[PDB]
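In the block that follows, a single chain appears as structure tokens, in the form solved without 2-methylidenebutanedioic acid (ITN).
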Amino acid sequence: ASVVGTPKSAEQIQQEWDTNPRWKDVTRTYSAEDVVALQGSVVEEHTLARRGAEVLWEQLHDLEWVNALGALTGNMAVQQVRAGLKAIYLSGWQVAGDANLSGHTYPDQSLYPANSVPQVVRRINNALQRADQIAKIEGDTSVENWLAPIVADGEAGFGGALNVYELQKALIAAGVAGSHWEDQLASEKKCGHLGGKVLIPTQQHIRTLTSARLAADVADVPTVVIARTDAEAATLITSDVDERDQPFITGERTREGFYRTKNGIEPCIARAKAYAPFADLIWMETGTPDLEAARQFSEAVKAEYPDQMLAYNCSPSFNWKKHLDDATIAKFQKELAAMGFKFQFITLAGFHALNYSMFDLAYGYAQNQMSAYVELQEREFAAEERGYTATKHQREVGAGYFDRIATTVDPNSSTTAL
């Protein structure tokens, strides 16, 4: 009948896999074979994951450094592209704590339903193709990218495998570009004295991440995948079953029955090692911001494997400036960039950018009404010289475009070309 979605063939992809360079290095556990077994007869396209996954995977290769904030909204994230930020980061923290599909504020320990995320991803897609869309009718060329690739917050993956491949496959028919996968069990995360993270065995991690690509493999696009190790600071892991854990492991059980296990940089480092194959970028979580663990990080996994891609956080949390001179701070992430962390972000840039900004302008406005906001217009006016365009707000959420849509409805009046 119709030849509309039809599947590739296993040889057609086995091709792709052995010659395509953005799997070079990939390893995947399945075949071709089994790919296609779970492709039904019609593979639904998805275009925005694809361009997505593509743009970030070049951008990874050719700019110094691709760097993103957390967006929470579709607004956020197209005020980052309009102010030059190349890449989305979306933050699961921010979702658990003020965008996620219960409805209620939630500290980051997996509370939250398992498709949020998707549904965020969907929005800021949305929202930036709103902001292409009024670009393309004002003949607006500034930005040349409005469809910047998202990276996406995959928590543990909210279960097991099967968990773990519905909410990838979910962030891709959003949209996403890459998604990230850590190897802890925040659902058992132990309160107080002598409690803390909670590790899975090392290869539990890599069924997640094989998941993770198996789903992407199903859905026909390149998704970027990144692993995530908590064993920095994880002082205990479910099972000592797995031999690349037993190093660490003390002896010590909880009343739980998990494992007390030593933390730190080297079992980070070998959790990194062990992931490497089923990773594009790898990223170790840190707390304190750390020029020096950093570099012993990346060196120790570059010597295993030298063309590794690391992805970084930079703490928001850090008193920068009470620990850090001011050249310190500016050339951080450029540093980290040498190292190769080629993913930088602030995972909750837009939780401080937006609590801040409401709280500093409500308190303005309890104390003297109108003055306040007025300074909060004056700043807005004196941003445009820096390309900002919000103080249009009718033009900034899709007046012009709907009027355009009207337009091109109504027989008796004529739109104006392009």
The other form holds:
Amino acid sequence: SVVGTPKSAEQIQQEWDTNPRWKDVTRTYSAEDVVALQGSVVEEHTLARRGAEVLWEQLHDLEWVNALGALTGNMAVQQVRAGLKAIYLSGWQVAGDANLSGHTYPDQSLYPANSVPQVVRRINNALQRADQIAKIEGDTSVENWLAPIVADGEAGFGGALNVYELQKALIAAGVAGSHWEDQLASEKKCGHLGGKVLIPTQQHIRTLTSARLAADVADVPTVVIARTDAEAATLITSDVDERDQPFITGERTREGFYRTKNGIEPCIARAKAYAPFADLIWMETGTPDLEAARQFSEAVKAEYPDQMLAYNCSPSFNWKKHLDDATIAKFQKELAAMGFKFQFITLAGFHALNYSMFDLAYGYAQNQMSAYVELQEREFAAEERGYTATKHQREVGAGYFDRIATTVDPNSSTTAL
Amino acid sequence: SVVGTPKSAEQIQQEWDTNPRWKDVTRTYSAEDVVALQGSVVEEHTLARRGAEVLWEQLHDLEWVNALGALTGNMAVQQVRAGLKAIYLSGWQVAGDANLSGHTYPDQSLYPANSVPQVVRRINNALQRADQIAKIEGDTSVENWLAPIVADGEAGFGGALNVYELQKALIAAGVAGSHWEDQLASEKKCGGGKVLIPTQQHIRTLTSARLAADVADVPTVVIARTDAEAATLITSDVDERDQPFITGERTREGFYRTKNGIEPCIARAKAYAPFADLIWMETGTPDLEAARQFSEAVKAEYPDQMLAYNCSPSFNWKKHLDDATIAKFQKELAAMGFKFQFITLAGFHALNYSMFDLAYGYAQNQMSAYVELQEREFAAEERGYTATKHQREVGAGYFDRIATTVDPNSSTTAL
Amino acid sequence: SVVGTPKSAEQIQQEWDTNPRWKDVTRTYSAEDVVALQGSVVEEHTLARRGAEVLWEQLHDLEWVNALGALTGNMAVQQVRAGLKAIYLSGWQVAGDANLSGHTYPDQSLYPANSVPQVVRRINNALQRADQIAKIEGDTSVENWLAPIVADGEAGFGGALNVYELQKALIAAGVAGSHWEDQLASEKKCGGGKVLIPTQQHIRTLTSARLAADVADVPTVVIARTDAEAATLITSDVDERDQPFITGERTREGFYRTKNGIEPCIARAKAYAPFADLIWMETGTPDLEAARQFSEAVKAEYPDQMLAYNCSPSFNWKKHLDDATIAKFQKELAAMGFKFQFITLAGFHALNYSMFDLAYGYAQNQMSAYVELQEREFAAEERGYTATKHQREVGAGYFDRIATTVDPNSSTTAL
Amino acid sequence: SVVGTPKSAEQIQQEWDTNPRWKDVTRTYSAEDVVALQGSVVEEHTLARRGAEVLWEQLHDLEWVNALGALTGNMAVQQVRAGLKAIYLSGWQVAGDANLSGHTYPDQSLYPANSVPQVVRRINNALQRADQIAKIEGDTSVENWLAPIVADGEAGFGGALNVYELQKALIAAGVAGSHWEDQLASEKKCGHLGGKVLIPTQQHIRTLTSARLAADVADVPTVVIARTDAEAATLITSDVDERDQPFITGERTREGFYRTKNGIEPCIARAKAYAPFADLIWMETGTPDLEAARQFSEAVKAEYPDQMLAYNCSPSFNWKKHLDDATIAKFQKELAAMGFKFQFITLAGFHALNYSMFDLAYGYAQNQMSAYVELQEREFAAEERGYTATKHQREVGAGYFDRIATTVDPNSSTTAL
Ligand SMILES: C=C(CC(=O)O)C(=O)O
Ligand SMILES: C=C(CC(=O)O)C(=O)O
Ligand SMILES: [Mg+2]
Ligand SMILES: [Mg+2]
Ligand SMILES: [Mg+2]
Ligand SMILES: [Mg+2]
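Please give the corresponding structure for the form solved in complex with 2-methylidenebutanedioic acid (ITN), as opposed to the form solved without 2-methylidenebutanedioic acid (ITN) shown earlier.
After this comes the whole thing, all chains and molecules, with the earlier chain placed first.
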């Protein structure tokens, strides 16, 4: 058998040289380095490849791509049924309510490192079932059930090899893109002079290089997002990288961390340093602020006018205390005009799930079935916008499995499609 | 070490004889049979014991115990924060969106048999974190975070040993009660209907589940479910109790056609009563008259037998009922002896609907839709909702306190 | 994007019609039935396809394909390093020491149904790491590290849909072949014997497994196993092919007593042949005459039908056979058409014995026992053993090369 | 219900004050700090408590406790049947052939952090089945099937909270003791001036404190082992701790690591610093050397004469090239005389499994059944020393489950025990 024969270094190099996908993508390693790590057989990763291709297309065709955080398969199925074209997989949400430890965790890289890959695979499985059901029912209402997944890679749960293995695991599960941040969450100092701890610029370039190499060895054009936490971070592990030295204050704490001046300047500097190694750049920010977004946007594009940006819209910001309805209403459109082509709400699923269950359960504790009928009536109404989960058996594939059982029975006949 | 030394057959026997918990509980096996299966060390199962005890207490003190299906830890945390005293763990919901295969399945015992135990363990982990947070914050608003969990056991994923291992795994995870049904879902004929198993086989199932609870040394609550209302087929006519409803026709698989309805459900419920702490007649449409007839027929032989009731999540409740009937439904049922009531698919509907509504709003208006949800969350704070404070909701202050305890240059707040 | 576009019903049909792989393969369903179950995108399964292709090739080129049971990744790596061309994945061994419950189980389909797929995936991961290491080291001593895997499918853990999902999960993990048996282990009567299912039900199982392979678009090798040599009971007399052996007596569970032996195994094998790439008569004692009689009876109707043979790990081989018979056993069987042969429990015995012998030596003499094992490992290097270089065996040089690739101040060795 | 009611701070403090177990055990946190983290209900951890108690007993009664690395449940069952009184759970072996990623990994904290806890739970399950079988068969030949498990905790997969969560997960699975090392494996530099990277002394005291606190909050007297990697390590993350400064050379690498003088001196210094926080101390060493063992032994006991030590006997050292048979034969007895009360071979299971399968498979590839009969004959012979796995069905519990099935059947009767 010749199934899965690797490409040659020449073919790979030629694709890096000629495919517009790799315009302005720096790989400090060689095509031979990639082939040297592939063994004799390269597994195809169908969903990871299709998702990365679809995601790149969409980022260049649509006015922007927006997404909500999904932590279960059904959540993602509903996001797609409602008309979204991408799925965001929050590591925060996974820590909170969907990781392999079984525990509720805060957002400090506490959960087992293969947790997000498992949820990626779950989400793709759920979308695949929605697509199977759609096909056997002649449902053409959704063009692409297999929406690309953008997954939270945290800072990789360790060093370069941890980064590599996480990216490989995300790719195997069918991820379309992954984001990677330049902090050490496990040493977040929670005292009064504490805060987030950055790692040196060169180390995050190491992380982004590792992630790209895992994609190359897996032979898929995964979308790579660099996140910088330098807006708020007050500490950094080391001053060894001279690009970081302009912000070093000269103080070192009792734990050995270096105090560093934070804000938009180091975020601009780090984004420029990361741009050659990142398909998109993301400045984590506490306050939604169109002006600060524009300033970061323009500083980065002054050196890299084609560099695409990513934007998280803060779920904890008190939006309506601080912005009027019109600013809220135009926020994403403005950001998209500035180059933020991927935008998302990290904790959408957490809030929807916790709120809907609290509201239903509170009603239920006081009035039993009357609360449930309020929810059921809203579901019935929602049928008008395309909601289908009111037909619960069919939603989870009962018709699909009946068809399988009928296919297998030689005395029952299947309906022609 | 003496940790975990088993009891004697004598102590076990005396507890079966004198503890009011075991009035009306038949064990066809012996206390020696139990001790023989325990080895040299018996692991303590704190959460399974405490949950089963609280569940029994509540079933005898409150007017009724009700619950909503939970498929995530946060879901159960919110149900308890909102004032519920029990959690229902739907295997249907687990098939749909929370099982170890990673796949979306319909309700036919397709998922790996240890999936529900994992979700039990997750739910307990989440309630324990809520309890930890409440303690360090002086929050007394909820008196018992560790609400008892009642879990779906399907028909055990096989034979008596499969039942035994599932009950053992549910107990290990900290389950308080488990329900067990008398159908073979993996042979549901689809041309058809559900296929029952003989009455004696389900008595075997209930005996297996009680034996696993005994060997684990916890007073787990056992719920027997009968699917005889709707089931049209049965695997065999070997049981004389099943023969009155056998028509005599056999399908191409060898299954026997059987008259379904409330009559075989009353018969099977009476057969199951000695082996079940609660009895549940699965029904498709909510029907107070059918519930009353089943209740009364069963209590005519076992006036103390407690019953359980699923309130249909798919029934178009209102299309068919006025607001007052809907509002009194559970109270009427409770008066009939239905002391555990639940909505199996509450979580599935809350999750799917809330995400569809948010996502549709978002696709059309971006941040304005999220702001609608956020404002509703703010409003809900007035009723005790706390998840707007998201970091604290998932334990950020708790883990900060651990970090402060471990740091010798920081001092911990005294409680 | 066009990635993963399904084939047409027409292409599938033509491949079933013209590819020699599907000579003598009956599909009672249609190509349209297959396309209807594929959705819009078909995931490629590289390892399942390559393994199934290599396995079919080898079964037609070599005198016979033999294998040992592997329950860990390293076990399979050593089997291939030693020169074997296939891996056997024992579900018995998985029950005993490698299943997702964490428990030690006997051989009664007690473990979670996705456990064997996980071990398939693990074994492939381990072979892939060995292949990676060999490449960066210029090691050509092994031509194919990715030996095809044949996995135990039990009886599917339920009905047709359970079979379907198990085959799908085995393919997803990269399995090359899977075997499926016609008993209900979860009802093994223990007073007793194995309980068969009707012939038509196992044809349903094999059809389910072929359908799952088709929908996944891989030419998985399907092995049908019959337990009719020893089984004394059967669930139903509904199948006319089973009736000649029914005695007419029924047990208290409703099972029918049936004459066991080679005769019902020949009958069932002939019934299964159109739906099976290989046929396997489970047998307790190795018996060349019984193997010859079964082989010849089956090939009288299907002269091209390939057979599979488990060589008993519990038989006291030698107490009963001279050295020359033992030495020729597999070659004789191969001459009879047994083209896949294996020892189910090779790994269980190698693991348990090597650890008992080492640990006993250690308990009595501490380091001297370990030094005995280490010296034997050194000696084995002469035959190609490499695990004495332990860091390199588990990938230390490979991950060093990744670290060197990622570091822009270090240069990588050219291959 | 009152099941699982927590103890008061007073009871806890009184046990720390009066129980000889806690003689010379420093806790820098308070009993109130412990109670503050326990919520309203404390789960009992039966096997973790019994294993920690049995392990402490054995460490004080026997001349020493020795162990072999086990990576499957059957391996541990065989170690106990052969007469060992403890089980060692190698994280190396778990990386190599038994972790939740499914992948073969080298020993660099690459696998998901809950992997060892899963194997602990597996090993206890396997021993529990052996004990059940023994009881129903009247097998009294083994006194304690539930041998204590000592598990590899690596350096905790991150910071203090990662350490805490791993220790809690090990305790929940029934671990008896856990060991913790002072290196950052994920930044091991593999170049020519590379090597292992130490963390500051104060940080490892933080790790050991965290591990003790997780045990206290879980209410079990888990055995805590500190390992130092300073014999060979050439780098350290920071020079901020003045106890480390004597060995700092003054050079810092391009990655920001500090070059540090290695050997037995920093191992003695670190062991002394760790002793108040560790039930046993372990100097990782490359060469088995009774003299170096004695020197480390005596330096530590000069300040802490009662401090127990732990010793790994190197599986890669070429024992018979470098030591005569008599030294090999007396090695553990000598070490025990010097205070090494827990001794183990980390990779015993890896070598036994890989070698036995290679030997069998090589024989099999050339001669089919003749190779298997050689193995079977050795098993038959081994029956004489108590080996039972030749009876394969009974070994994995077939008799136990037949008894369960017979217990459940009201028309079959059980055998009286
Ligand atoms: C809440 C989050 C989650 C995260 O850190 O990924 C944010 O606002 O970015
Ligand atoms: C091989 C090992 C494994 C380990 O690092 O724990 C050693 O010798 O210590
Ligand atoms: Mg995160
Ligand atoms: Mg169900
Ligand atoms: Mg088997
Ligand atoms: Mg290790």
